[PDB]
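Peer 1: Here are the chains, one letter per residue:
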Amino acid sequence: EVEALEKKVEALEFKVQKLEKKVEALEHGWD
Amino acid sequence: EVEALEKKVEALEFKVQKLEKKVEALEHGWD
Amino acid sequence: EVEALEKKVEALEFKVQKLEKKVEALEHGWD
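Protein chains in written order, with PDB author numbering: chain A, 1 to 31; chain A', 1 to 31; chain A'', 1 to 31. A prime marks a further copy of an entry chain.
The hints are simulated quantities; they were obtained by calculation from the structure and are not laboratory data. Among the hints, a few may not be true.
Same chains, same names: a pair is fine if it fits in one copy or spans any two.
[What the hints assert, rightly or not] Here are the simulated EDC-like pairs of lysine to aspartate or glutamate, each with C-alpha atoms no more than 20 Å apart in a straight line: (1) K18 to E1; (2) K8 to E20; (3) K22 to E1; (4) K8 to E27; (5) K21 to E3; (6) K7 to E27; (7) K15 to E27.
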C-alpha cells in the first residue's frame, strides 16, 4: 500500500506543478 | 495513518483531474 | 516513508485548494 501511495503522490506532484504553471500563465496573461 | 493517506490521495486525485479538465478548457477556449 | 508521504500530501492539499480558488475565479470571471 505504501509504495502504491508513493507512486500516486509523485504522479500528483507532477500534475499539480503542471497545473500551477498553466494557471500562473492564465492569471498573468503570459503569451 | 496509511488508510488516512489513501483517502486523501484518492480525494486529491479526483480534485486534480477536475482541475486539469477546467484548465484544459480555459487554455483551449472551449465553449 | 509514511511521514514523508504525510508531509507531501498535506503540501499537495494546500496547493490543490489554492488552484481550485484561482480556477474558480477564472471560470467565474471574478474581479
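Peer 1: Next step is simple, just say for each hint if it's right about the structure.
Peer 2: Against the structure, the hints:
no.: 1; hint: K18 to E1; in the structure: neither (26 Å within a copy, 25 Å between copies)
no.: 2; hint: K8 to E20; in the structure: both (18 Å within a copy, 16 Å between copies)
no.: 3; hint: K22 to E1; in the structure: neither (32 Å within a copy, 30 Å between copies)
no.: 4; hint: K8 to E27; in the structure: neither (28 Å within a copy, 25 Å between copies)
no.: 5; hint: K21 to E3; in the structure: neither (27 Å within a copy, 27 Å between copies)
no.: 6; hint: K7 to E27; in the structure: neither (30 Å within a copy, 28 Å between copies)
no.: 7; hint: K15 to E27; in the structure: both (18 Å within a copy, 16 Å between copies)
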